[PDB]
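Consider the single chain below, provided in structure tokens and representing the form solved without the partner chain.
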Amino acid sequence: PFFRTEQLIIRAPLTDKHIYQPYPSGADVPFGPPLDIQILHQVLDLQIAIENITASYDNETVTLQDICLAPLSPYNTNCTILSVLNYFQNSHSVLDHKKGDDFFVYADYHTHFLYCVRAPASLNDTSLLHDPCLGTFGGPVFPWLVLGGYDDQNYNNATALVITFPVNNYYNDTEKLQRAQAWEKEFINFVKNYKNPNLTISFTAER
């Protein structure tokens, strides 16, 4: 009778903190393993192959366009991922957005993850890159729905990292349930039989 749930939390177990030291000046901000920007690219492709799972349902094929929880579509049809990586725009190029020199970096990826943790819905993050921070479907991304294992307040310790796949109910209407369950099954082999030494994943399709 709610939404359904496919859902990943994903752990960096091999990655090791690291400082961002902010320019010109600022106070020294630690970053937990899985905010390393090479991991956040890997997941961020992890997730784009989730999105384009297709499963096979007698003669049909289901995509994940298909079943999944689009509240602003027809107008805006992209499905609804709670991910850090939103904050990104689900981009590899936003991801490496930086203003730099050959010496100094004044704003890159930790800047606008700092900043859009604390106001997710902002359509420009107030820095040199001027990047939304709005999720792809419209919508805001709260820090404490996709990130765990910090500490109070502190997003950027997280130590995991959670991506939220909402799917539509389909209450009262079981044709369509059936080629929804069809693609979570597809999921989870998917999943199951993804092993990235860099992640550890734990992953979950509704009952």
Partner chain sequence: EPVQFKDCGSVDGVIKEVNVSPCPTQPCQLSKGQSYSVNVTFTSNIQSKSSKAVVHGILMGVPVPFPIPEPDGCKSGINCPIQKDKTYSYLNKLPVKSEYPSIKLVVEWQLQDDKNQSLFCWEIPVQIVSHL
Contents of the next structure:
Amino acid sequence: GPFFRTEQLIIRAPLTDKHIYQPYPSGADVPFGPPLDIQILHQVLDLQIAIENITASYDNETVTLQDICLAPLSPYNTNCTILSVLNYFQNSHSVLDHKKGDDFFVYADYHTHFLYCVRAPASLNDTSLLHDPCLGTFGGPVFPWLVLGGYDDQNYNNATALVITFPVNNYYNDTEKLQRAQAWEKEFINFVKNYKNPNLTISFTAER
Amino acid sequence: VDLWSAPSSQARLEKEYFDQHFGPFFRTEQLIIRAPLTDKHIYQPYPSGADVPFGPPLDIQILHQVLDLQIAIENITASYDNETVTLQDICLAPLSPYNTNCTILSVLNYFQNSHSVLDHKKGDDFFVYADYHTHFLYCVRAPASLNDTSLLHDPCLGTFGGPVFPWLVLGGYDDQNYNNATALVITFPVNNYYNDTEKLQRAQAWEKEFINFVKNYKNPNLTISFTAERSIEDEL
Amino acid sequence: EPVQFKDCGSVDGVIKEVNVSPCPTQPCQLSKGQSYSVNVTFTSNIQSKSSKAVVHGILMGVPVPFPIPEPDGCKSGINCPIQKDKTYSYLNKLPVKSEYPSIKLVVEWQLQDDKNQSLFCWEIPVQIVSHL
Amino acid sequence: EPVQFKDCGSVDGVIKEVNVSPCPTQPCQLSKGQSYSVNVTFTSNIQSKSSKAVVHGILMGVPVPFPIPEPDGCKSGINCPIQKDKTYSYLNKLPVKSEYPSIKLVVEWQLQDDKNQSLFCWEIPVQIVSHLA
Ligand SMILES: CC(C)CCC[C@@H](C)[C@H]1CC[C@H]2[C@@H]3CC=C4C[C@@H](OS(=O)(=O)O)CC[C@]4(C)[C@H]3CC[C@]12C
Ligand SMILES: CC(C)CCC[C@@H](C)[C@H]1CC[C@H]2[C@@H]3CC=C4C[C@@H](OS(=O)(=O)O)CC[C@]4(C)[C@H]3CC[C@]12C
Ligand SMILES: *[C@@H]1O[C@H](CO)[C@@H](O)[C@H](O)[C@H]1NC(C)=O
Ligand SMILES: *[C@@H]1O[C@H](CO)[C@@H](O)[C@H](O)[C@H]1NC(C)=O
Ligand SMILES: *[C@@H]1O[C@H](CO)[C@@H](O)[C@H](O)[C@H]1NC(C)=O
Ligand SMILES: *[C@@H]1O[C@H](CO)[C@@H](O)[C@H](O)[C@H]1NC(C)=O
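Here we have the form solved without the partner chain; I need the corresponding form solved in complex with the partner chain.
Every chain and every other molecule in the complex is listed next, the one we just looked at coming first.
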């Protein structure tokens, strides 16, 4: 329930079209929605990283997302919990671009990894040539219905919107931590409100 | 004779064709990018060695965002004569059809305009032995090299088959210490089309959408200047 | 149109061009029940009395032999005997049948000479598609 | 401060905490001519009469032995004999000297018992610095 402030983003790709994944060497075509385009995913990834790098100032000290976010594995895994489809690739450009094939056709890429991870989001290893993990960076699974929208039934590949959620710890017995998170939220609102990319339509919500 | 030398001789031939066919004239679509909210950083080699300073725009996140803008610009499509006009229809790509990649003069082409090549690292469980710092430091001294001499083994040539010389894609550095650059220069050369006014009109119709797209692009981490060949004929 | 190709080991010759028609976009799309033409221009480095064409379809890294109607290159637009430094254009035309599957694969084409060595060897990406 | 560590095979014990001080940022930055303390809390799964501390510096994957003044672990905060299922804290303090080379390396620390097997085996990243970063 509560005790968790949500900084949320809804991202769509108006200037990008759906495309078809065709498995090698044959098989049924699999459609993929506009925001599941590889370049869109790279841009969204860099926006997410940028948000992770936002710094505010409170009480003569600097405040980063790491200082207010939900890090359930602290202090050995200090990675902030980020609910995002990019976390299926550990928020890594490298894992996102990871692909395998011969010199002519791709046998496995981010398409197959996506198809596997949405069915087993807690898997530490997909059962493909990639051997990549599905688990998020924060040590927990990212469920597909929380990071994708607009898809039909449970065909998550037909998603038309991406949902990126930064949960930060909420407090009722510590006004200082609340005001700190509120200052960071101010910097976050300024940043996202001054970010313009013709390939991305972005809706932002803080805990105003 | 030596059948192992086929890719090397062939790549040498592609390089020769490119520099033989680059030409002195083309339409220039240019960007000058700086990083206001990013400070310089220091690269320390493993296991030891002199520290190398790196300018603000050479931060890894800045380079990723700039690469995003570059790929997006390469994806700009315009409309003209009830027909679509992509950058590839008008870009200077000498090695076509064998190599259809558009010529892009940019530091990102030291990494073949790939996020993965940019994030390529090698090391033990704790320290990195080689990353984009070592690759950048190598390629600016040997731009035409087919491989760096490091654990990465990554090429320096930039996607169109030819070298990127550092003084063309970097600004604000001291002497020839390219790592101290404070500005990135990204150049898109477009064919002139002297005796074909139709494809010239297609080129200008793409240039207007380039100007509009870059005008509508705002990133708080970047300050972006941009010029197009169209700005000259638009006024005087 | 001239298509991109990988040389799989032409020891006794140098490929000048591999022209597949019609193939507007690459990898070449082969509509079922429809004939396509191949024209290989190469330069021979030796003199040979015969030439035998061999075709394989590579799937999952494994070559699958494909018999053609006529394997003799002397009846395929080449003036035998093959002379050194001369340039030739091997010609052929094959129909995509409806029995073929809708798969992606790599077509490998060789032309062997007297010593059973490759005057040319090339591979191109091909996808047999359905017109339905 | 509790630092991150890699377990190099603690057979006869379970590491609970590796504490290096002062180390505000990791990999631990060691200034020349200083002193740093290590405090390893672990749980022994075996009984043992003795315990010997063994330290290696791993450079480019090669372990290089580093003699420490007091290798006997029973004189470093551990009350020998060591009892099974009991928690212990190994303590030590070493100076970073000026003639040590300023270099990045991996510090491997183990504590052997009667069977010459590791009650704990851990390794952390360390950088001897001529200037901080
Ligand atoms: C230049 C180009 C246009 C030539 C086109 C030649 C094509 C039509 C031929 C050459 C090589 C052929 C393949 C070789 C090998 C196979 C495997 C075979 O699989 S099997 O199940 O029948 O054993 C099916 C036919 C198939 C795909 C053939 C299709 C037909 C095939 C692609
Ligand atoms: C608190 C703890 C985690 C750190 C304190 C211990 C440090 C200061 C010690 C442990 C392990 C030590 C290294 C072991 C091994 C070496 C290799 C040696 O190289 S050699 O070729 O000269 O023998 C130089 C000294 C050096 C780097 C030592 C420096 C000093 C060294 C890092
Ligand atoms: C095959 O290609 C060569 C070289 O382009 C050309 O000279 C020749 O006419 C072509 N053959 C046919 C039958 O078109
Ligand atoms: C000819 O050489 C090919 C290799 O290019 C080999 O596969 C084939 O078996 C050989 N045939 C004969 C009859 O030697
Ligand atoms: C060593 O660390 C443990 C970990 O909790 C602590 O209980 C103990 O008091 C420490 N000892 C010293 C001497 O600092
Ligand atoms: C004890 O074991 C270690 C490895 O666990 C080995 O390196 C050493 O040689 C052994 N003998 C000793 C320390 O006498």
